[PDB]
Amino acid sequence: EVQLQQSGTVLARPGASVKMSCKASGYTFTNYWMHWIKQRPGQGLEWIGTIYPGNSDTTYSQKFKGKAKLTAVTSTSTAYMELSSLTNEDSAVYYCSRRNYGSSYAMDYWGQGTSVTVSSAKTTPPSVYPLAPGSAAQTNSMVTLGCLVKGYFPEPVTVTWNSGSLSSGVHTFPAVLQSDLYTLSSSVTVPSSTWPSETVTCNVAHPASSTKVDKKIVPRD
Amino acid sequence: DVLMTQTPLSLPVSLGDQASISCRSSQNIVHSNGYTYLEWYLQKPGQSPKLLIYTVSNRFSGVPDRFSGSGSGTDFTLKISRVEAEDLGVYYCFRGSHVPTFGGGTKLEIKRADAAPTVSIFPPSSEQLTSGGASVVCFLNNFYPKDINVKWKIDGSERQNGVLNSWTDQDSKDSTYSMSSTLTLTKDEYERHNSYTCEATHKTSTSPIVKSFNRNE
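Top line first, the protein sequences correspond to chains U and W.
In this text, residue positions in the first sequence follow the working numbering: the first is 1, and each later residue adds one.
In this text, residue positions in the second sequence follow the working numbering: the first is 1, and each later residue adds one.
I should point out that these hints are in silico values taken from the structure, not numbers from a laboratory.
Hints may be right or wrong, so weigh each one.
The calculated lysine-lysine pairs, modelled on DSBU-like cross-linking and capped at a C-alpha distance of 35 Å, are [claimed, not checked]:
1) U:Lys212 / W:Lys79
2) W:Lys107 / U:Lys65
3) U:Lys23 / W:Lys173
4) W:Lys107 / U:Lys67
5) U:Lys69 / W:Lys107
6) U:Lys63 / W:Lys187
7) W:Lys153 / W:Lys211
8) U:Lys23 / W:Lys107
9) U:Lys63 / W:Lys153
10) W:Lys79 / U:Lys215
11) U:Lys63 / W:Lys151
12) U:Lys122 / U:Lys23
13) U:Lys216 / W:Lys44
14) U:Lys63 / W:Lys211
15) U:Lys215 / W:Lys187
16) U:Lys212 / W:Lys111
17) W:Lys79 / U:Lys216
18) U:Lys19 / W:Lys211
19) W:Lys211 / U:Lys216
20) W:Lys44 / U:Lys65
21) W:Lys173 / U:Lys122
22) U:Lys215 / W:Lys44
23) W:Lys44 / U:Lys69
24) U:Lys67 / W:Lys50
25) U:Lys212 / U:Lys65
26) W:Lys107 / U:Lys63
27) W:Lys153 / U:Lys69
28) W:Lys173 / U:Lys19
29) W:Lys151 / U:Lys216
30) U:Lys122 / U:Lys67
31) W:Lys173 / U:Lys216
32) U:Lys23 / W:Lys146
33) U:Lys23 / W:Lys151
34) U:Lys65 / W:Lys211
Derived list of chain U stretches under chain W, where covered just means 3 residues or more per stretch with a C-beta under 8 Å from a C-beta of chain W [to be verified]:
35) 18–30
36) 98–106
37) 122–130
38) 133–142
Where a beta carbon is used, it is the ideal one built from N, C-alpha and C, also for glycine.
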C-alpha cells in the first residue's frame, strides 16, 4: 500500500519560513519524482516544483524559485518543502504527490495535505457551545441538535458526533473568519426516539492548540 | 505561452446529462516521443486531489467508465456521460511535461428540483451566557436552489448587524444545499428582548419559512 503522510497544520508569522514533511512508504522512495502542489482557495491548484529523491535533483516553477526549497532524506524516505519570506499569499493547503511510471504516468498517490496559515494573530482554543431546542413543543418525530464553535485561531478544527458513530444527517459548515477569530457550526438530525433518551455528544479537535473539547447536548429549561 | 485554459469555469448540469469540459494549451504539447502527457484530476471538498485520466485517454483504476478523455495537439476534452450526484467537484486538466501546469479548473454542479429548507433555531447555551456572550443559531438544511436569504427578528424587529453566515458545499447524494446563520449579541442585549425569529426567503415560497422561540420557555 502506497502512503504519503504529511506533517501537521502550521501557523507562521509574516516574513518567517516554514518547513513541512511528506513521509513516503510502500514503494522505492528513490525511484520516483515527488511533486508539490499549492491549493489556495480561489486560486485552484498550482504546481510548485519537484524533486527526484535518488539524487535530490530539483526543478521549480518560475513563480516559486527562491520561495520554495525542496529537500529529501533517503534514509527516512522523507521529502521536505521549505517556504521562506511568508506573506498572507502563502496561506494555503500544500500537497505532495508521487509521479508514477509504468502502469501509469501521472500523480497517482497524494498526501493528505498540510494547512499553512501566515498571520500575526494569536492561537486561541475553540469555545464549544451545545445547541438544544428551546422548547419541547419544538420537537416532533425528528430532532435537530448542534454545536457552535467560536473564537478559535488558526483553522482548522475537526468535528464528529458520538466519536464518529453518529454520521448520518450531519451538516458541518465551513469556518468563517471575523477579526482574527474563526466560527463554524455543525448540525445533526436524529429521531426523537433516540434523544434525549440516548446521549449525543459533539467532539471538536483543534490540533493547532493541542486541545480537544467534547460537549454533551442536553435539554434546556 | 503554454498556459492551460479551461472552459467553462462553472458547469451546471442535470443528472443523466452529458458533461463536457475543454482544456486548450497555447502551444502544441506533444512530447518528442509522440506521447502527450495530459491528465485530468478531480478534487472534492475535504479530500485530496485525485487522478482520473492520464496520457490523454487512459483511465486510472477505480475511475467510472463514464469518465472519458480525448483530444490532440492543443485541444483536450473530458467527457462525463450520464452525470450522477456524486460526480460534483472541481475538475482540473494538467500538463505533466516540461513546466508541469494546471488549468484553472471547472466546477461541476448539479441542477435539480426546488426544495424548501428544514429550519431549526437555537437559543444561546448557558455556557456562552456565562462568558457574557449570546449567539442565536439557525440552520436551514437541505434546500435548493442555493440562492437564499435569511432574516433575523428580535421582538418582531428586523436585525441585520452581527450575523455570520456559512453555506455547505452541495450535497453529493441529494444535491441540496444547507446553511447556518449565527446572530451574535452581548448577554445584556439578549436579556432585554424575548422573541427571537429566524426567517428564510427562498423561491419555494411567496411566504418565508419562520422559526422562533421565546426566552420564556
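### Query
Going back to the hint list, which numbers does this structure go against?
When the structure is compared with the hints, numbers 1, 6, 9, 10, 11, 14, 16, 17, 18, 21, 25, 27, 28, 32, 33, 34 and 35 turn out to be violated.
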